[PDB]
Amino acid sequence: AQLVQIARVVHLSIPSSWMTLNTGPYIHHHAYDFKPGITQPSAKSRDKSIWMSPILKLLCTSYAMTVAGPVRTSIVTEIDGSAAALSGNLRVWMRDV
Amino acid sequence: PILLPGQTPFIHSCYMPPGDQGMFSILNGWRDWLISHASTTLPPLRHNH
Amino acid sequence: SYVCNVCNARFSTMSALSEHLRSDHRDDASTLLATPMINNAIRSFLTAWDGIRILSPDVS
Amino acid sequence: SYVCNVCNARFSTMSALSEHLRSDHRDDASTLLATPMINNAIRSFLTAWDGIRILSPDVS
Amino acid sequence: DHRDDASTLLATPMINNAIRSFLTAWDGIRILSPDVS
Amino acid sequence: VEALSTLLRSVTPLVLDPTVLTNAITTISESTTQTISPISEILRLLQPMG
Amino acid sequence: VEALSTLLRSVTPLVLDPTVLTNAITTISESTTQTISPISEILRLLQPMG
Ligand SMILES: [Zn+2]
Ligand SMILES: [Zn+2]
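Residue numbers (the entry's author numbering), protein chains in the order written: chain E, 1178 to 1274; chain X, 884 to 932; chain G, 116 to 175; chain P, 116 to 175; chain S, 139 to 175; chain D, 473 to 522; chain A, 473 to 522.
Hints were generated in silico from the structure; no laboratory data involved. Hints are not guaranteed to be accurate.
[Stated by the list, open to error] In silico negatives: residues of chain G with every beta carbon more than 12 Å from chain S: (1) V118; (2) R125; (3) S127; (4) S138; (5) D139; (6) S145; (7) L148; (8) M152; (9) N155; (10) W164; (11) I169; (12) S171; (13) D173.
[Stated by the list, open to error] List of simulated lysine to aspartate or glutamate pairs, EDC-like, C-alpha gap at most 16 Å: (14) E:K1221 with A:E513; (15) E:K1212 with E:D1273; (16) E:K1221 with E:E1255; (17) E:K1221 with E:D1273; (18) E:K1212 with A:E502; (19) E:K1221 with A:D489.
[Stated by the list, open to error] Here are some, though not all, of the chain E residues that point toward chain A, as calculated from beta-carbon distances under 10 Å: (20) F1211; (21) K1212; (22) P1213; (23) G1214; (24) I1215; (25) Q1217; (26) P1218; (27) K1221; (28) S1222; (29) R1223; (30) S1226; (31) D1273.
We treat Cβ as the ideally placed atom computed from N, Cα and C, and that holds for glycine.
Construct all of the structure, not just a fragment, from the sequences and the given hints.
In structure tokens form, the structure reads like this:
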């Protein structure tokens, strides 16, 4: 599965306005969901990263595209709750709908 | 939006995504000012968030 | 002047208040020692054994 | 009126505040301020632009 | 200060679902009461 | 027996700290991929009944 | 002692850059499934008052 293919499972899609830009590689290797030297370890997605990382990358690139000016590297720095708690709640919501 | 309270006008690009994504990105940038300002202006809520 | 809501200290600028809110009344550093799946168990254990609490050297 | 939420100075217009932010707090990193960071990013952008033509100049 | 901030799912749902279904399926095998017997 | 037990507790330099046990146990690393974690298990068992 | 220390710091070609150590450390690969990462701990030890 591709990044967007899996990220759409929670209705995270690509805006039509982006369809004229080469966003692929940026989302692939410029939106760090876990930079070792910056992220707090609490945000470490661990094994669920296989399906967690695309979601975080989509959120990161969305924020980066939001601000004006040149495109900058996007990095997750912290999740207030543990990444495990976030994954658990997401699984609950996925099961609910 | 053109200008939020406490911010500077024209800092949001047109490529801002619609829907929840746009909301999240806006709030993420706006986070710290809101939290600090709320503390000064309003009494604290009754149990942790 | 700008003020806190927990310790209710006062600050000359909003920026100084923000960093205080991000540093004083935040979570403790010891929480980061282990995974939540363990920390909850640790918390349960300590709460369970609170009855063994040592009495103050005044009642004795 | 408007306040510079870092140095706590007051200003009559958003223009005056914005000019103060660009000029005075040119290198600050407080999260409450955005514009100095973007300007800093633009400066990085230009430096990369130099790296382009420095190994690919323009001929007449 | 805290009320429910420690609340999540605290066990693997797959195992519990498998367990719960299994017990329910074999629930018909259970014993009779001495009155009925 | 109760009276003597209280007296002993009242006067003694010995102190019991459950934290010391938790600190020692939690030093051990293990994979998060196993369905069963002994560390969680023992901490659940150690608790007093009643 | 403060006087001499400031004088020393005033004139010295030596420069202390904390980043070099973190870069040398953080780049070490490790499995994410272990419950304790020594990298995080050692960072947490020398990070305070950085
Ligand atoms: Zn405070
Ligand atoms: Zn200022």
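Here's how the hints hold up against the structure:
1. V118: 19 Å, holds
2. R125: It holds; G:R125 is separated from chain S by about 22 Å at its closest Cβ, greater than 12 Å.
3. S127: Check passes; 28 Å lies beyond 12 Å.
4. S138: 18 Å, holds
5. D139: 14 Å, holds
6. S145: Fine: 16 Å to the nearest Cβ keeps G:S145 off the interface.
7. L148: Correct as stated: the minimum Cβ-Cβ distance to chain S is 16 Å, above 12 Å.
8. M152: Check fails; 8 Å does not lie beyond 12 Å.
9. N155: For G:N155, whose nearest Cβ neighbour in chain S is about 6 Å away, the distance does not exceed 12 Å, so it is violated.
10. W164: At about 18 Å from chain S, G:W164 clears the 12 Å cut-off, so the statement holds.
11. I169: 25 Å, holds
12. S171: Its Cβ never comes within 12 Å of chain S, the nearest being 24 Å, so this holds.
13. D173: With a cut-off of 12 Å, G:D173 remains clear of chain S, as the shortest Cβ separation is near 28 Å.
14. E:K1221 with A:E513: 15 Å, holds
15. E:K1212 with E:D1273: Judged against 16 Å, a Cα distance of about 32 Å means the pair is violated.
16. E:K1221 with E:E1255: Distance of about 9 Å is within 16 Å: holds.
17. E:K1221 with E:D1273: 25 Å, violated
18. E:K1212 with A:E502: 13 Å, holds
19. E:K1221 with A:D489: It is violated: about 27 Å lies between the C-alpha atoms, which goes past 16 Å.
20. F1211: Hint on E:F1211: holds, closest Cβ of chain A at ~8 Å, below 10 Å.
21. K1212: 8 Å, holds
22. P1213: 4 Å, holds
23. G1214: Status holds, d = 4 Å.
24. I1215: OK, holds: E:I1215 within 10 Å of chain A, min 9 Å.
25. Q1217: 9 Å, holds
26. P1218: Interface hint status for E:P1218: holds (5 Å vs cutoff 10 Å).
27. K1221: 6 Å, holds
28. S1222: 8 Å, holds
29. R1223: Hint on E:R1223: holds, closest Cβ of chain A at ~5 Å, below 10 Å.
30. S1226: With a closest approach of 7 Å, the E:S1226 hint holds.
31. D1273: 28 Å, violated
Comparing the model with each earlier hint shows violations of hints 8, 9, 15, 17, 19, 31; every other hint is respected.
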